[PDB]
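With one protein chain withheld, the remaining protein chains of the complex are depicted in position.
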Amino acid sequence: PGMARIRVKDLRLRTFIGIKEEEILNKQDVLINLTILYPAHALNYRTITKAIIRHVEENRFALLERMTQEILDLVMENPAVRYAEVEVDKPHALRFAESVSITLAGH
Amino acid sequence: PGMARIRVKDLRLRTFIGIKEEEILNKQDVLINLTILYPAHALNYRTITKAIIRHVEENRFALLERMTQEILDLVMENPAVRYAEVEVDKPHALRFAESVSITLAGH
Amino acid sequence: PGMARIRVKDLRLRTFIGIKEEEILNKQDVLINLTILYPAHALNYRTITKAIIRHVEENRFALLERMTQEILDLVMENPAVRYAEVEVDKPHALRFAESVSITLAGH
Amino acid sequence: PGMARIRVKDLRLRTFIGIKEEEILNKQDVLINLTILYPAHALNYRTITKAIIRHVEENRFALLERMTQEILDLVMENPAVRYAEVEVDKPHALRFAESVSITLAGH
Amino acid sequence: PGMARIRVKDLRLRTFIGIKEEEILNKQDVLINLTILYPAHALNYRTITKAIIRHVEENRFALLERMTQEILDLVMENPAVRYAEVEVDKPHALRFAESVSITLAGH
Amino acid sequence: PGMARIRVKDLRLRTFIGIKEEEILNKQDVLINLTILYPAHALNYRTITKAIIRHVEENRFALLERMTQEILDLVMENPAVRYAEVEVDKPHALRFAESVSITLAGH
Amino acid sequence: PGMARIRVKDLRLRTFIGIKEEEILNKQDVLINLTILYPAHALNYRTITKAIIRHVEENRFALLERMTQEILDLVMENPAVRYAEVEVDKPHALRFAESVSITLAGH
Partner (left out) sequence: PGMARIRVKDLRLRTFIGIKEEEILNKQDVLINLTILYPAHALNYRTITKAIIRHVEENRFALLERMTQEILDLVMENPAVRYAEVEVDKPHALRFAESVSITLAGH
C-alpha cells in the first residue's frame, strides 16, 4: 500500500437488472468502477474489461450483488495477483437519491 | 475491509432544520449519504431507506447531529450487522461554503 | 475512527496570496476545506468558521503553508478536542492544472 | 499521517501515448495527479511540476506505466522526503468508461 | 428585446405529478425555470415565487402541462407586464433521458 | 413563438454509428435532443420517444445525418403539428473536442 | 447579427447586496455575464472589466437592478459601439432555486 493500482473509472453498461416487469422488458444503465492491485507488455486490463463488458451486456441479472460478484470473479479468473475491488452503481435506483451501489473485494 | 459495502449516494430530503424563524416556518434541503457494511433475497436497503425517508420528512429537527444520530440508529434497528456510517450535508449552511456536514458511525 | 466528524466543504475566500506584483495588488480566490473530529447546544463550528473567515480576509499571506497553519491553529485555539485537518486549494495556481493544495493536520 | 501533504490536481498534458498508428501520429490528453508528503522559502512544488511538464510534453510514451514511473522518479529526484504518489488518467481510453488510470507510490 | 428580463433559475420543488400508483403515493422532484419581461422598491419576483412555490407544493398534478399553465397564470395574475415564459422539467421522466420539459409563454 | 414547446433532454442511446471496423463491431453512445412545437390526455411524447428509441437501438447507421433525419421523420409521422427540431451528438467523435452534432428541423 | 461579439463569462464578484441586517454586514457572491457587440490593438475589454470590478467591489448596492444598470452604463461609457447586454446572478437568492438574475441591454 499504495504501490501498483489500476483504476477503471465509470464503465457505463446497459443490461437487464431487476425482476419487475419494466426491469425485465427494458435494459437500464449501471456504472462499474474497478480497482486492481498488481505489484510492481501488459495487455491485461484491456482483456479484463473486454470480458466484463461481454459478460454484463450478454446476460440478465436479478440483483446488483450477483452482478458485482460475477464481475469480481471475472477479475481474478485470469491473473492470480493481488487485490481487486468492484463497485456497481445503479443510478437513480432510489427515489430522491443519485445512486445506490454495491462494493465487493478480494485477495 | 473492504468486503460487503452498500452505499446510498446523495439522498436529498426536505425537512425543517434549525430554530431560526425562517428555519421553523420553511423546509430546507439536506443531503444524506449512507455507508452500510454487511459481510458476505435481500429486501434490506430498500426498507432502511424507506424508514429513513419517512422519519426525516415526517419530523422537525433542531440540530444536524440529532438528525444524523436518529438516522444512524434507524440503520442499526433492523439488522445487527456490521458497520454503519451516515453523513448529512446541510447545503449552503455557511456563507461562502458549498456545505457543512456531520458524520457519525457505529459497530 | 470514524465516529464524530464535521466537514466544512469548499469555503471560498478572497485574500492576498503571493509576493508577485499582481498577487500583492489583487486579491485571489482560495478554497478551504476543514475536517474536525470531536467525539461524541454546539454553537462551535459557526464560531470556528467566523474566526477563520475573519482571519483570512483581513490579512495578507506570503505562502499557502502559512495560511493553512494559521487556520489549523485557529481551529485548535478554542476546543481541546480532538483531531483537525485543513486543506487549502489555490485554484489554477499551476499552468494546465485545476489546483494545488496544502494539507496540514493535528492532534 | 496526515501531516504535510501537497496535492497537484488534474495536471492536463498532451503527449504521445500508445503504439497504434493514430496514437503515434497524434498527441492525446492525459491527466496527472500528484500527492507529495514532506513533514513539517519552499520553491519546490513549482520546480517539480516544471520538470514533470517538460519531461512529459518533450517525449513519446509506450505505456501509461512507463510514463507514471518516469514522473514518480522525477518527483523523488530532487528531495529525499518523504512519500510520493502519482496517478495518471488516460481519459476515454476504454469504450463506455470515463477513464483508466495507473497509480504508483514510493518511500 | 432584450431590455428588462428577470430569470428564476432551477426552482426545485417536490409535489405529486402523474396518475400511476407510485406517482400518487409519493412526491417527486420537478424543476421550474421562469423568464419574466417587465420594461424598464420592486418586491415583485419574491411574491411571484412565494405564490408559485405555495401553489405547487400544496396541490396534486395530473400532467406537466396543467402544472406549467397554472404557474404561468400565477405569473400574470399580479402584474399586467409584459411577457412571461415558464419551463417545467420532470427529471428522469423518460428512460435514458436526463429530463422532459414543457414550456409555455404569454403576452 | 414561444407558446407550446416540449423538450426531450439528453436521450442517451447506444447503436452502431460509422463504417470503420471498430464502429461496425461495437455499439457507441450517441445523445439525442428533441424539440417539438404543438400549440396550444396527451399520451404523445411517450410514444414518440418509444418509437425513436426502438428505431435507434434496433438498427445500424452509416452517418449521423441519416440517423438524425430518420428520427426527425419519426417525429412528424404521427402528429401533423407543428415544428420539430432534432440534434444528435456523437460524443468524443473528434480528437480534443467534447462532441460533434447534427441538427435538422421541419415544418 | 451575429458578427463581432465578445463575452465575459461568469465574472464572480463579492460586494454588499440587499438591505437586510446580514446583507449589509456581510459581502455576498454575485455573478456577472457581459455580452458586447462591436463590429468588425484592442486594449478595450480589459479596461471595461477593470472598471466594472472596481465599481462593484468598492460600493454597496440596494437592489440587483441598480447594480446591473450601473454596470451596463460603465460598459457604454467608453466606446459608442454597438450593443451591450448584462446579466447579474444572485446565487441562491431564493429558497429551492439555484439563482435569480436580472438582465438589461442597450443600443
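As written, the chain order gives the labels A, B, C, D, E, F and G, with residue 1 at the start of each chain.
Assume a residue touches a chain if its C-beta (ideal position, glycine included) is under 8 Å from a C-beta of that chain, and two chains touch if they have at least 3 such contacts.
Chemist: Among the options F:25, F:43, F:80 or F:94, which residue touches the chain absent from this view?
Modeler: For the chain that is not drawn, the touching residue is F:94.
Chemist: For the chain left off this view, which of D:14, D:55 or D:95 is in contact with it?
Modeler: Once the missing chain is taken into account, the touching residue is D:14.
Chemist: Using the touch definition up top, pick the residue from G:11, G:62, G:63 or G:105 that touches the left-out chain.
Modeler: Per the contact definition at the top, the residue touching the missing chain is G:11.
Chemist: Which residues does chain G use to touch the chain missing from this display?
Modeler: Residues in contact with the chain left out: 2-13, 41-42, 45-46, 49, 53.
Chemist: Could you pull out which residues of chain F are in touch with the chain that's been left out?
Modeler: Per the touch rule, chain F residues meeting the hidden chain are 63, 65, 85, 87, 89, 94-105.
Chemist: By the contact definition given up top, give the residues of chain C that touch the hidden chain.
Modeler: 26, 28-29, 92, 95-96
Please note the rule applied: only the chains that are shown with their structure count from here on.
Chemist: Between chain C and chain F, what's the gap in Å when you average each chain's C-alpha atoms?
Modeler: Once rounded, the distance between the two centres reads 47 Å.
Chemist: Of all the residues in chain C, which ones touch at least 2 other chains?
Modeler: Within chain C, the residues that touch at least two other chains are 12.
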